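> Below are the chains, spelled out letter by letter.
There are 2 protein chains.
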Amino acid sequence: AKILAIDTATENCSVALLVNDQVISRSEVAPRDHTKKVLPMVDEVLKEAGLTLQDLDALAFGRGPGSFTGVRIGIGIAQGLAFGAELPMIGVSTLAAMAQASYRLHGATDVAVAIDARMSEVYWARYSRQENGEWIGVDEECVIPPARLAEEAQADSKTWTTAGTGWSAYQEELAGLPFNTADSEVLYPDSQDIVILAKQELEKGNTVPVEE
Amino acid sequence: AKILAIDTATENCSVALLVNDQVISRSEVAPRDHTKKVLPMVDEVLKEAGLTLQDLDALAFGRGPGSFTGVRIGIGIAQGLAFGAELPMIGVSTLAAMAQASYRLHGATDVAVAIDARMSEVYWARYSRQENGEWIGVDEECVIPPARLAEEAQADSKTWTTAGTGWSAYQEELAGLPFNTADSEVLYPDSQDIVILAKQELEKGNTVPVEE
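So the protein sequences, as listed, match chains A and B. Residue numbering for the first sequence follows the UniProt record's numbering, beginning at 3 and increasing consecutively. Residue numbering for the second sequence follows the UniProt record's numbering, beginning at 3 and increasing consecutively.
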């Protein structure tokens, strides 16, 4: 179960490595650039483990949504390094990714992810931890102006723990629909969790090739 | 002398491979995306040569200028692939790159590269082929509004073959200074030429590590 993940999707540049239920995580809440940090971290991660790229049996990545430039860049490195160790690959949703963090720290089964898209819109989904440890998609991945989100889907009555930067960027507007809600201390996805999501795609045989 | 170059700087996505004075080139005048074409080409290149990444003794890349997203993306793959074959690397100027093409087709020793920056400015340099085959930098790499370029530097009296997309996007304005000039059929850099530039950085011992 040897997986190495990269994420470059939001403000947080992160790289982590699962080697048999032992996730050594690296993170950096990043700037205008990304390249300059992503390799050295992958190097750090691996030396602190004695693995090589061809040791790993999968290479995982934030597939987005998230920043256009950024989310491309990391996929670009994630291909680069896969190609050379002949690795299969695993794309992983930034949204569901943040749902896992919300379990990891808060033990929440009910997660509402809202990522601040640019120009007045929001990347949104909701997920729901099912018995297996998986996440039933309670709402499809969308991009919506939060206003419209509020008047669509009356949906349920449940305590959704809110994650990602949509929340703090459009309160006025996400303030408008009875779902129960809870603050989260979570802003961005992290490769910590991304791995643990990827670790179950393997066990479902759900990996692409290398040129996805 | 085994070098593989990637370029993703302008509208032209290109990958080529020098294996002993034999450059098998791949090119594609590309769209809104880049990832999807860059790997397969690097794969194509290598099968039609029986080399692997760890066969090569350097991996080169367009360092830019050029499109922000683009130029990051290629650099991102060119690190990814370097890292896994433990390769040294070689960044290469898109401008001087296009100077080489202008030799390759037209045999020009006097090149004026102007790339259409966005928002009313231009990426510009001038190079001059010295006896060795190197290129004296007749003007430092810049980013100027073409207007200002015209009234700066009276400079010389010589026949500069113009390349890159500045020329056709600001004629009125680049039309204003006596240098002699000649049309070129050249618009973007190509990994064809990038390699032959890289092949000489090696011979000067001028390669960075892998996390440049």
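Derived by calculation from the structure, the hints in this document are not laboratory data. Ideal Cβ positions, reconstructed from N, Cα and C, are used throughout, including at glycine. Check each hint, because a few of them may be wrong.
Unchecked claim - In silico contact screen, one side only, chain A against chain B (beta carbon under 8 Å); selected entries:
id : residue
1  : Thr37
2  : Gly52
3  : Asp57
4  : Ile77
5  : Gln81
6  : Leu83
7  : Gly135
8  : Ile138
9  : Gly139
10 : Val140
11 : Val210
12 : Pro211
Said to hold, decoys possible - In silico negatives: residues of chain A with every beta carbon more than 12 Å from chain B:
id : residue
13 : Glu30
14 : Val31
15 : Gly86
16 : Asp118
17 : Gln173
> If a hint holds in the structure, say so; if it does not, say that too.
Here is what the structure says about each hint:
1. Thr37: With Cβ-Cβ at 6 Å, under 8 Å, it holds.
2. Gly52: violated (16 Å)
3. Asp57: violated (12 Å)
4. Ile77: holds (6 Å)
5. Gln81: OK, holds: A:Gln81 within 8 Å of chain B, min 6 Å.
6. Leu83: holds (4 Å)
7. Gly135: Since chain B brings no Cβ nearer than about 31 Å to A:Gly135, farther than 8 Å, the hint is violated.
8. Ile138: violated (30 Å)
9. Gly139: violated (26 Å)
10. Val140: The hint is violated - A:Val140 has no Cβ within 8 Å of chain B, the shortest such distance being about 31 Å.
11. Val210: With a minimum Cβ separation of about 12 Å from chain B (threshold 8 Å), the hint on A:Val210 is violated.
12. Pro211: It is violated, given that the least Cβ distance between A:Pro211 and chain B is near 10 Å, above 8 Å.
13. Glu30: holds (14 Å)
14. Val31: holds (19 Å)
15. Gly86: The assertion about A:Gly86 is violated, with a minimum of 3 Å to chain B.
16. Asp118: About 19 Å separates A:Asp118 from the closest Cβ of chain B, which puts it past 12 Å; holds.
17. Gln173: holds (31 Å)
Violated hints, in rising order: 2, 3, 7, 8, 9, 10, 11, 12, 15; the structure is consistent with all others.
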